[PDB]
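4 protein chains.
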Amino acid sequence: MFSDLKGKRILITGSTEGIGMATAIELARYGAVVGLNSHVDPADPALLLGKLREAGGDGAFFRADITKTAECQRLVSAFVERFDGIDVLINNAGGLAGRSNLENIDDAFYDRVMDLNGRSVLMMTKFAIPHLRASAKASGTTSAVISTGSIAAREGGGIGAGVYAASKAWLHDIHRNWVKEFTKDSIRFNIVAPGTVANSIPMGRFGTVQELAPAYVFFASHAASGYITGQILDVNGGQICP
Amino acid sequence: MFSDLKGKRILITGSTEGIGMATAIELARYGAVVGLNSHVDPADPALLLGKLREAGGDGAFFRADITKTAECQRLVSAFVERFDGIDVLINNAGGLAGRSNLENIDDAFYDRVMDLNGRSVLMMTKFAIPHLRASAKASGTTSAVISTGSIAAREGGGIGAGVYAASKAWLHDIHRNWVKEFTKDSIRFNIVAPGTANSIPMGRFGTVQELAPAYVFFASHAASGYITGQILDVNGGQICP
Amino acid sequence: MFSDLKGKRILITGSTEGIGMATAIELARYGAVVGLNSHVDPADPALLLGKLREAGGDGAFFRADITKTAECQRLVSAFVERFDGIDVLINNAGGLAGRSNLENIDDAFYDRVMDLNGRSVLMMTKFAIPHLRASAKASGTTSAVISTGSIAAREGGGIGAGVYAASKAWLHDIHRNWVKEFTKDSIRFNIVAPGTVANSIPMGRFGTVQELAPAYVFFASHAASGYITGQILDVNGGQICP
Amino acid sequence: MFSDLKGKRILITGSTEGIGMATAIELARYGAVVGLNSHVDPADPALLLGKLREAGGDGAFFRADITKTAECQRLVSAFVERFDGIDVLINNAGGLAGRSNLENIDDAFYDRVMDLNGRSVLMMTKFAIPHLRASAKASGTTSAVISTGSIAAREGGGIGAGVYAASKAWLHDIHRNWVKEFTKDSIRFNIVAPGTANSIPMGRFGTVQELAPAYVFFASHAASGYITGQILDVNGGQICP
Ligand SMILES: NC(=O)c1ccc[n+]([C@@H]2O[C@H](COP(=O)([O-])OP(=O)(O)OC[C@H]3O[C@@H](n4cnc5c(N)ncnc54)[C@H](O)[C@@H]3O)[C@@H](O)[C@H]2O)c1
Ligand SMILES: NC(=O)c1ccc[n+]([C@@H]2O[C@H](COP(=O)([O-])OP(=O)(O)OC[C@H]3O[C@@H](n4cnc5c(N)ncnc54)[C@H](O)[C@@H]3O)[C@@H](O)[C@H]2O)c1
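So the sequence lines, in the order shown, correspond to chains A, B, A' and B'. A prime marks a further copy of an entry chain. Using the entry's author numbering, the letters of the first sequence correspond one by one to residues 1 to 197, 214 to 258. Using the entry's author numbering, the letters of the second sequence correspond one by one to residues 1 to 196, 214 to 258. Using the entry's author numbering, the letters of the third sequence correspond one by one to residues 1 to 197, 214 to 258. Using the entry's author numbering, the letters of the fourth sequence correspond one by one to residues 1 to 196, 214 to 258.
Mimicking DMTMM-like on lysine to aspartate or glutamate, the simulated pairs with C-alpha atoms at most 25 Å apart in a straight line are: (1) A':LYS68 / B:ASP115; (2) A':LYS6 / A':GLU81; (3) B:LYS68 / A':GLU103; (4) A:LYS6 / B:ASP4.
Keep in mind the hints are simulated off the structure, nothing from the lab.
Build out the structure end to end from the sequences listed, making use of the hints.
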């Protein structure tokens with residue numbers, strides 16, 4: 001029972017596939033209204049919305065390359081134009097964007113990874129704060145941000161992935177800064193931290225997207241996680257037990 | 001969608017009131033057969049079965065003092081005699097059991113606190129294992145332990161409660177041990193860590226109602242099937258680890 | 001330069017060998033006065049004191065089985081009788097005291113490990129607090145406790161070692177409780193956390225006692241670590257990077 | 001006994017004042033040849049060499065702006081031209097570079113903060129590596145990086161300083177990455193994490226004098242030769258992780 005998610009307007013960056021899409025459908029199951037998003041158009045946008053509505057909810061697609069601040073602005077504007085505000089921001093866009101030994105790491109590499117995993121999440125969240133704040137007065141209860149983190153935030157990632165690791169630790173920490181700045185506004189901030197999606217994983221296998229979605233649902237519903245904020249749930253098969 | 005909780009046999013310690021009852025109820029909402037528990041008999045046993053049954057499930061009460069190892073064995077054997085198995089165990093029993101500054105701590109105090117928060121958890125978990133082992137063999141999925149931690153494990157607790165604090169740090173960490181030993185038996189282990214009020218960002222205290230959903234989440238293979246060895250801190254941001 | 005350790009009276013439990021003895025000698029190098037200790041008499045007590053004095057300092061041996069509270073009392077009494085107080089308590093006694101799969105863990109096993117790693121450190125520290133407090137008024141500066149922890153406090157130890165792991169996490173946390181109770185008394189509390197003393217260790221080898229001693233020296237000198245309290249230094253070759 | 005610091009070539013960024021100078025001095029006490037550094041020329045360069053020389057060692061000042069990657073390369077090349085190597089690098093440069101609430105953060109702010117605390121560290125470390133690689137090959141022991149972290153990496157920092165906070169969390173964690181890549185080159189990485214006053218158990222602030230010894234400890238193979246990937250928090254108990 002996440003019935004308090006019916007009608008909730010939930011914007012998810014980087015959600016035309018993987019964890020993002022699977023989460024979109026699970027939110028849809030409780031009748032949520034979901035902004036899908038990506039930097040390039042999917043092959044079949046209607047089919048994705050079909051899957052949402054099929055599952056019991058609704059939504060629209062919005063294309064934006066959120067490694068640019070302007071685009072994060074434009075994306076929040078559009079979703080808010082279409083529906084009238086945001087009840088939940090899910091920062092899911094992110095990713096490696098390459099591996100490089102430290103000695104071959106030039107400025108471009110740094111900038112690529114940090115725009116994808118750093119600036120994007122900062123700026124998206126910034127532009128959504130206004131609407132999330134207002135969303136929360138209106139409901140009475142709370143708005144939410146959920147950001148996708150990583151096991152790499154904690155243990156430094158694989159070789160090649162130092163910047164990605166660091167960018168994720170950057171996120172885990174900046175959430176703690178936002179719990180300070182915005183709990184008075186009744187906006188909660190939580191992280192799902194995938195791990196990888214064997215045999216340094218106690219369970220002996222990589223996760224499936226269907227195994228990551230429920231946690232997002234959990235942090236999304238105020239009825240289920242209303243007292244929880246500034247926490248990190250690692251969904252990694254025991255791979256790290258912090 | 002917690003429908004896989006239908007018929008799940010869920011023994012809960014320290015469950016006649018507080019977080020324990022709340023959690024029993026919420027689980028009972030999904031057709032869980034819950035074992036309620038306390039050292040003392042409660043005033044109205046059948047209300048409590050009522051609440052479970054009202055909510056959508058079933059259960060039974062067992063008196064037992066878990067600060068003792070024979071009692072723990074008994075409780076697990078009683079629960080199994082009644083329901084033929086364990087699918088989820090929830091180590092919720094625990095508490096301060098007094099307050100004392102270091103200079104005033106004797107063996108009796110230390111023994112009281114650690115028997116309540118350490119030995120209990122250890123032994124309950126020890127005796128449940130082969131039952132939980134068998135459940136997951138049968139279901140094809142995973143069985144589950146959940147235990148009630150505390151903010152105090154992370155930041156040391158408050159003056160006079162060092163032993164309780166450390167008992168909780170002890171639990172947090174021994175759960176990491178069990179992940180190593182038992183993940184191959186398809187048994188998951190997770191912890192719900194209640195916080196304790215101008216040091217709590219949400220300006221206020223938790224309520225049992227705000228705690229129980231967490232436990233439901235960790236109890237369900239469909240929800241948290243790939244999650245083990247974690248601690249979900251439910252505390253209005255009191256600490257953000 | 002740890003010249004501020006000359007004459008400092010430093011009681012170290014479980015110090016007739018391993019990390020304990022090596023630490024004793026390194027403190028001795030700066031002219032400290034060191035209580036050695038163990039639950040059984042060494043073969044040659046004079047040779048150990050010889051090594052202390054040889055290195056540039058002094059001390060005495062005190063036998064006590066500190067798994068009993070009475071003995072911790074008796075041990076602190078004796079060291080304080082001999083010298084007139086304690087400037088530094090080093091809780092080094094501890095250890096596995098067996099491995100057991102959880103299903104074979106009876107009460108005795110629990111009790112053995114917890115007395116060795118839990119009650120001992122609690123009670124030793126308790127009985128020393130009085131004297132450490134007074135030591136600190138007299139000096140002006142600070143007293144110190146240093147406790148030997150473990151990598152196992154953080155990641156749950158090896159199979160068989162769950163109670164030992166847990167007992168060490170217990171210690172890491174209870175120190176945080178004592179930073180609260182006793183910083184007003186100018187008593188600092190720090191932990192050295194050995195790890196193991214290969215190839216899940218970046219350095220590819222186990223530590224040597226000579227590689228653990230310096231850290232104890234560091235936390236022992238007020239001139240070097242006077243502003244540091246409630247911290248844990250892991251000395252493990254990168255084995256865990258918290 | 002830090003005698004192995006004799007003749008060690010120790011490039012330090014952000015070292016004309018504060019923790020950086022203090023640390024240079026203390027290292028200079030053991031016969032270290034230190035590289036002082038700032039974006040701006042200081043008033044009296046030779047006093048500073050004086051302090052190093054007085055204390056027991058030697059050194060040289062290099063102007064460079066490390067928020068820029070070409071400048072970082074230059075500094076490492078300059079330092080090597082002068083002293084023929086690097087044995088220790090200390091990434092101490094960094095700071096708030098302004099304060100801003102989230103709703104007022106533009107790209108320029110973010111770029112300013114991360115260039116100062118992220119790019120700098122990364123690039124300094126990148127360019128030093130092969131020098132540090134060569135030192136440890138020659139010594140037979142280990143060479144060393146030390147970097148100045150912050151309490152803020154752990155608890156989020158204060159309102160208006162999110163980016164700085166996260167920049168420090170970023171550093172803490174990338175040091176873990178480097179341990180993996182570079183431990184086999186015998187290069188250690190450790191972090192000294194200054195705290196920032215009724216939330217500090219010692220009722221008071223740190224002083225540069227209370228900070229520098231830590232750095233000395235991490236700088237010496239004899240002292241900290243088996244220590245890598247750690248963060249020593251110097252903060253009067255402000256946080257106890
Ligand atoms: N609420 C807080 O401030 C806080 C903070 C940190 C942790 N916790 C943890 O929350 C958990 C549960 O607390 P609670 O909500 O049930 O509060 P509570 O006051 O209701 O605890 C009493 C409950 O546990 C049972 N109980 C007590 N001793 C028992 C024993 N020896 N054997 C069997 N049952 C026993 C009682 O009968 C009752 O059901 C504990 O483990 C506690 O350490 C609470
Ligand atoms: N003291 C605190 O409150 C506190 C708390 C957390 C972290 N820190 C960290 O302490 C470290 C050092 O602080 P500090 O003691 O030197 O204080 P500081 O005020 O002295 O910092 C200025 C120093 O760094 C140099 N510097 C500044 N920008 C530079 C640049 N672009 N290139 C080269 N050099 C530059 C200055 O010339 C000077 O030597 C920083 O990384 C900071 O983030 C400090």
